[PDB]
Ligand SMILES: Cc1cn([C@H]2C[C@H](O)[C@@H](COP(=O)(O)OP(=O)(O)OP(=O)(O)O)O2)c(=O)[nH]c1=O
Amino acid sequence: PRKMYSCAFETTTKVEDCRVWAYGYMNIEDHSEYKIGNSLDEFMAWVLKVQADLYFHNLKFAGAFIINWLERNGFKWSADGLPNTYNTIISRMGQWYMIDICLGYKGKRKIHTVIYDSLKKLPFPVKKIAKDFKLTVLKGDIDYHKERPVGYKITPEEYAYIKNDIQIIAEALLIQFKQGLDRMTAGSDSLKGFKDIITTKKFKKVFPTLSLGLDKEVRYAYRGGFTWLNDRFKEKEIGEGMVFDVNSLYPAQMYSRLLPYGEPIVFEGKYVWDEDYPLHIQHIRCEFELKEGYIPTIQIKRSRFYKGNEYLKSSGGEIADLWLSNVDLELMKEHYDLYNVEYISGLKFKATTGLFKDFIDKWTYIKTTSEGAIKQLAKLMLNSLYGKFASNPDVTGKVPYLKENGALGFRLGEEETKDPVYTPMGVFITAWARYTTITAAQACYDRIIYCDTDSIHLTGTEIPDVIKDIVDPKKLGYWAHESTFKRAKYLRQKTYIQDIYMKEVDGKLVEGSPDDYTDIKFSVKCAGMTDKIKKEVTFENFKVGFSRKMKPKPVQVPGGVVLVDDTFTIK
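Chain shown above in sequence, structure on its own - the form deposited with the named molecule bound:
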């Protein structure tokens, strides 16, 4: 049984003096075992001899300072667990999960210290964690401005702040561990929690591990959420409207839709109805023209003919190769006229309902009876379960190295794979969800402004009679009338602003209606736009050309990472 420690660094913010000026560590099950000091060499000496599991909140930041030390002290990168090497799990998107430091072997025992990311377990700011877990949190923060030379001596106040930060994570992590949420990440606990319910025995019988190749071609049919701005409204200031939001859309599909299980059977040509294998994926070649009065539903990515984000009214005189679930193919056929159709091949699946019942009943209840970070964690259990099923077996990551200038560089590592989970599930969950969303959007064609995944934005303020029977503020899978706005402007996908009607309840602002409102909330939704920049946005300046030099970006410099303000522009 290895010891567990909560750790943190305070670092300088100078590009060309970049260094740790303070560290802290605290035993997660013995808060009286802790140490605060001013030296990274002193900390790393402890790291080397402690033979424990370490946690930093946001390992991506602290790990840069740690790997810079390792590379300067005779440690090189190796996955082969040799003496005086470190291993990392850094993903190809650049998520840090682990730094594993190997000092050697005494018998059949590895001598090593392992460092993990507590952000993977608790993806919130430290203060949010303290508020929502109900833990002691000190007011204010360390002065990020003060001049701190080498050997700078930590004040009593800074010492208290550092100790508070490490103790908050310690207490929160311990709360989770004692419930059995002890794995590396929140998603890992979700899949493990699901396997506990249905049994591991039943898991690999119902969700067999597919060959890497079969999983790859299943994945051809795997697509995300429907994100679409009606061109009619693009860049226009508009009046009153409303937003409908599905109550947990993906889990809702998991709960009640017919979904694939088992090994698929390959077929050639056009799928022939098989009651025992009622779901399929079909490889189709065709040209297509959107029918009059229908929303476009076809997006083709990685093509020189089409912009990947654009929903297509026409194939433009080129033959489209498409891999499609039966739910998607049926939707495509309702919205489009098809030309020169070739049914090439496909895969058909056994199917059933209700495999996720107990797991979703558990976590929807925890979500409903919880608040803040604790609610968001229950939400994450539900959503990471879907993601886990569609886990990409390509786990090739990044290998750190020390550049000639003293800064960390990264190279793509040797290709590697892990077993698939069950990707057909992912295919049909998103498929049933697109179906849910698109059919509702299509039923409100005369009023539809905008869709993103689980939501429809409409003109006017009354519920359409055609969706009245599937609207509910709480029921899983139903549409909630979430808000009503006084005015809005949608510039493009994931880029819009709204003036929302609010009313006060018990001193708390709640969504209201055009007759039952006291306050107007300005809301900004803009992919890539960080929170400080959002505060700069007005109805008047929210247009193409809006720019602020306020976006923090982490720059690798000699010694570690500095956050430097970069520009963000609506192009």
The other form holds:
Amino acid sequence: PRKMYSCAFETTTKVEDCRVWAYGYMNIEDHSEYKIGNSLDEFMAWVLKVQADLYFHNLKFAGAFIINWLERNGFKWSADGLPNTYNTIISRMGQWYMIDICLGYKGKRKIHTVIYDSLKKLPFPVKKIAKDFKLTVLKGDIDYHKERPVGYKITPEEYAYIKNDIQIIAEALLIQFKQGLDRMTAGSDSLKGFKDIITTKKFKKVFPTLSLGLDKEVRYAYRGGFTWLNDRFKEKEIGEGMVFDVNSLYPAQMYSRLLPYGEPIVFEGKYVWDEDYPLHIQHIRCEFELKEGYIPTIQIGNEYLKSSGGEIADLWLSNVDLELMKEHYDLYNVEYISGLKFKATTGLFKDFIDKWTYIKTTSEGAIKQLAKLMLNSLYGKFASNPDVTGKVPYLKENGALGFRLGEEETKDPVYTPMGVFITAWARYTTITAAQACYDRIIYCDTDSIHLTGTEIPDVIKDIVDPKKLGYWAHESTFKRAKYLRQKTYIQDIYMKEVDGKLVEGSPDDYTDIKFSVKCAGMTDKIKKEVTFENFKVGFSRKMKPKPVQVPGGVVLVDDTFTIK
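Could I see the form deposited without the named molecule next, after the form deposited with the named molecule bound?
Since only the chain itself is given, any partners or molecules it might have are not part of what comes next.
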């Protein structure tokens, strides 16, 4: 069958002169077959002849260079696999999955080279993959901005970095493929594995294909994690506190919660209790005002709302979310419009989760990471959007890539109600624990609650455990902290030296402090600049790479990052 290669480019960083200055490829099955060179023309000649499957890490980047070349070297876009054309899978939202370059046919053979994104398989930076998969990695980075003219001679040091980059991804992908995880994406692998375990026969019976109209209604109720900063603590210096984190939040909901299956039944007005269809999604219009003493749960944000402010809220809510809302808010002018009710059961994920949890628990390094990936990448596939209308590349007048929305396309839904309820139960888990600890609650993010003080609250003692699925682990304790916004905080965390290594400590048992920085969108280089003294709204650094399409490819231009 087809050979597989791990590939990379190094590129120049001038908007007026953007080009590949190095390429590397390495056979994923035979890491001894590899080549590094300084010509995209040379690389692409190989691409056209190799009739293989190629992988770049973060194809959205390298892919720009490839398409720029194709468009200048006699290839046009086609969905239909015509000779001397290329097809793509680029989503509406700009996720890159595939470039398929068609040469035509020779004798019986379809001649093509397919290029995939290894980031879809291994959703971490290369450096993190090497660390977690226990693979050899060289310290440091290439000097990105060094002056490199056309034909620039690659140094031994640059060559070694490029070889290491492609070999890390080759090693990681080979391990993944040897486990049987050889579909296009981590989520696709997870879903296939789940079907293997429950059987396709059962899957089809219990997760029937919903009409596009019904799927759209269900999807209105699909929301993600609960992330919230208590205004009481916004931009304030905090003393001691502690963090609890659920042990495997989403798998825990899948393992034990009542979850929907089967063909829904539509109803008008307000849901009437049906023990046989005990879960529902309710379309409701209302105004609302948060009750004193309660955490807000309605996001229409980023922020969770205290009030509808005279704008009528038009919501589709799972019963889990609806009951939270009714408890946390006073509701006014309520109109129950319509909804959908579902059969439900526990246990649909037991065997899958048991299998991969065992592998996780009994394995190390690479295989352990893959078990985590299988467990973590399943729920999201249930709410896959049946609208798969994509984006088509083209060369703009200036010679840079532009993208147009392509032809309308739909596919079958998977089973969106399952996604709606998995995330609803996850939110319920976190919101209810935070609410129980209302007097001390600082911040929530998805599976974690942060409290003032250092003693475990009595009200959650019985649901705290360092390891047990779905319980809250006491993750850390801090000496001081500062929270500016959602996903934007720092902590001085108590640590202790054990066996010559630093691990989480406590106020009564610490040796040192770990200074921890969390800020969404902040790069690691910018994180190095942060201190307790300078961490405030208005903190700014012109150090955030932003991708710009230019003639030849993409330049990552350093842009201003500001805490707003």
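Positions refer to the first chain, counted from 1. We call the rigid core the largest set of C-alpha positions that still match within 1.5 Å between the two forms.
Put simply, after the core is superposed between the two forms, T369 is the one residue in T369, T439, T353, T199 with a Cα shift of at least 2 angstroms.
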